[PDB]
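Below are the chains, spelled out letter by letter.
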Amino acid sequence: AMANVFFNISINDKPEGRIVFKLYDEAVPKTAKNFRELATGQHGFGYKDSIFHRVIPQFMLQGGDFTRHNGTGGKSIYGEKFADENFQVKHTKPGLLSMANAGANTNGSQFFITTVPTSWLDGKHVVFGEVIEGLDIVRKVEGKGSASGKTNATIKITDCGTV
Amino acid sequence: XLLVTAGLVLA
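Chains as they are written, first to last, in the deposited numbering: chain A, 0 to 162; chain C, 1 to 11.
Hints listed in this document are in silico derivations from the structure and should not be mistaken for laboratory results.
Note that CB positions come from ideal geometry on N, CA and C, so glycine has one too.
Any given hint might turn out to be false.
As the list claims (entries may be wrong) - Estimated spans, in silico, between C-beta atoms of each pair:
(1) A:87 with C:2: 19 to 29 angstroms
(2) A:162 with C:7: 24 to 34 angstroms
(3) C:2 with A:138: 38 to 48 angstroms
(4) A:115 with C:11: 14 to 24 angstroms
(5) A:1 with C:10: 33 to 43 angstroms
Said to hold, decoys possible - In silico contact screen, one side only, chain A against chain C (beta carbon under 8 angstroms); selected entries:
(6) 58
(7) 76
(8) 100
(9) 101
(10) 105
(11) 117
(12) 119
(13) 120
(14) 157
(15) 160
My request is simple: use the sequences and hints to build the entire structure.
Written as structure tokens, this is what we have:
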């Protein structure tokens, strides 16, 4: 209910190191719990071995689709979707974690990490944590993306959990 | 445009 979360990242199977996130449990406890417990894999499934399937330079890294690995899947610890908890935290800076969705109250497991302020998403996507180590890895992954979001290397979460 | 959608990807 409070430990920071890590992802180890590889790019075409080359380990690039660890990203660490602080989650905003005091602002969005239900959303933060979902991401943390998908990272620990405590329910038997989650982010370990998943990929970032859509990476757009000067915008964000999108991942978390551990069922279909293409944006059409993912599921939360509460079921296939759960409500938007609130929108109090805004997309003010690089390195923010926020939930991807398919309209109101369709949160599952997919998330993005911003590389710029994305204020136009305020009030529509729930922001729930921030990178505190490894923003350099985020920028390296970002460079493997493209305007369409297609990556030119496989970006994998090889391990994840709490620190 | 700049969107983060789960399956209907929009401009």
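Now for the hints, and whether the structure bears them out:
no.: 1; hint: A:87 with C:2: 19 to 29 angstroms; verdict: 21 angstroms, holds
no.: 2; hint: A:162 with C:7: 24 to 34 angstroms; verdict: 32 angstroms, holds
no.: 3; hint: C:2 with A:138: 38 to 48 angstroms; verdict: 18 angstroms, violated
no.: 4; hint: A:115 with C:11: 14 to 24 angstroms; verdict: 18 angstroms, holds
no.: 5; hint: A:1 with C:10: 33 to 43 angstroms; verdict: 36 angstroms, holds
no.: 6; hint: 58; verdict: 6 angstroms, holds
no.: 7; hint: 76; verdict: 16 angstroms, violated
no.: 8; hint: 100; verdict: 6 angstroms, holds
no.: 9; hint: 101; verdict: 4 angstroms, holds
no.: 10; hint: 105; verdict: 7 angstroms, holds
no.: 11; hint: 117; verdict: 7 angstroms, holds
no.: 12; hint: 119; verdict: 6 angstroms, holds
no.: 13; hint: 120; verdict: 7 angstroms, holds
no.: 14; hint: 157; verdict: 23 angstroms, violated
no.: 15; hint: 160; verdict: 24 angstroms, violated
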